[PDB]
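What you see is the complex with one protein chain gone and the rest in place.
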């Protein structure tokens, strides 16, 4: 929706896909985390995929509000399980997401057929209902997902029968599904480079982002450089 | 709408307003005209304000289609009188605008209270209904315009009682009116620089664009350089 | 020298060349003339190229003294024929130039090989000896000019065999000649824009300045606006 849309528009004209790193809010720390997200951004990031722990929620939402204010157009999408949402009452969650800036919210554990209350809640509070399309999704599921989801589409790699990731992108182009962002096991310019050739609109990585934070969880300033060094290439793997 | 929106979004983040040159399709020629628009674009132009003569319409629309294909996200807005529209049947006009790429259409002669059929037609065919806000618009008119218009807002300068151009921008910010682009008598980085300081979202110039085309209506290649030299400064007048 | 030097220094850092209009002292009148120069300055002028008639000399020097006092750092260079100088005794001329503020003096009619007494006089009274480098200057002449001249270099356009104006700028960069200011037939942002791309350090125009004074030699107040409108663009043609 809006942000995601436009971002994808200016990605077309540039003949390039998007690189969407994944990070866990408040990891390793709140001040550091923020200090991370900005760096990811100014390194090539076109859209963030922010993970939510369980650092309380009010803080994670407080950071999202900060990020937003700091970065107005960057597509902010969250990734979490149903508990937190089930905790704050479905509606109030999304309403609280619509108030801090988030553009979309993917609730793992919620299976497609039981998404109803979320798909509505996000739509009620202008948030994009995001779904996961497994590598082995049947024509039926494809059709479901395509219509139900707004913003972007989370395409599951054949690493998480899996039809080649090209058939899928097409089967989406066909049923007007939101632009697909392939995720899972993509921590190399190689895989990102391929992801896009296959027709996906962008890649997502998170493991690598974690490992680097790990090896430098003592060097706050060094940790960022490694991350600053990490993006550019990955992000560059999505061009010309 | 969409294009205009997003453009304005990435203009905020950049802390800069938009420069919107005005040109008349097929002026001085069709091949040249296009050769003009591209040059204006690659010089700093953030959004085009394309004038329509009466070169037949089918050609002007044919050029708009070309431009669009050549420049996918650039906000394309037209500027013309009610005849051409009244000629092709209100609806079919906008429908034909929605098919070639245009994002908005400002129909001069149509007074605000008699816009109804256009405001609808544009909305039916996803085009932004644009209106003119004179420097001396009463609180009433402001409210009218604000609600009726989508995309951008054409703010008339005190050169075309005129309240200082700051009150207006505010009175729009207040009534959630589309971002105001000030036009008329602004052919200098000076006036563009000021336009933006006053809070306008961007400036429009057309006379200068004409004069240059005039002095070089014999040097197709030279004509472009003068224009290439014309933008940058003007466009630069909208930053930081 | 000094003024010219520093001016050129702060022109580099800005990544922009200089715009040097030319005007004839006391044209159309003494009070008006001054009223002209200030306006040229406050419009973008980086350095003046003041022409000398034959309004007696004592007045022209009186104006230069006024200008200087009014504008301390502006590089003031004069342009005249050898008579006036031959009139007041070479030395006393330059000494009188060093006393009113002028920074340089280009004596047309004086050929390069017969400049000796002037090159000395200007050096004796801290004035920059300026020379003209024709578009068809042989390697020899280039070397002469380069060494003999201080301050700036007057590069003659291929409009006044002429080697492309790029070879020249280089051949000067090579023989450490003063920064070259191209003059003759440049009355358009176009030509100024190109002059600088070619590597020249600045452009000079005078015809246009005259024409405008001509069309408004009845509107003292209007005449200035036209001139105020004339600079900015021309001057803007020398940036980024």
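Which chain is which? They are A, B and C, in the order written, and residues in each are numbered from 1.
We take it that a residue touches a chain if its C-beta (ideal position, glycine included) is under 8 Å from a C-beta of that chain, and two chains touch if they have at least 3 such contacts.
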Omitted chain's touching partners, listed by label: A
Residue of A:112, A:141 or A:188 touching the missing chain in the full complex: A:188
Touch with the omitted chain, as defined above, among A:12, A:99, A:173 or A:239: A:239
Chain A residues touching the omitted chain (full complex): 188-190, 193-194, 229, 232-233, 236-237, 239-240
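Here, only the chains that are shown with their structure count from here on.
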For chain A placed onto chain C, the superposition rotation in degrees, Cα atoms, nearest 5: 180
Separation of chain B from chain C, taking each centre as the mean of its C-alpha atoms, in whole Å: 42
Chain A-chain C separation of Cα centroids, rounded to whole Å: 61
Shared-contact residues (touching 2 or more other chains) in chain B: none
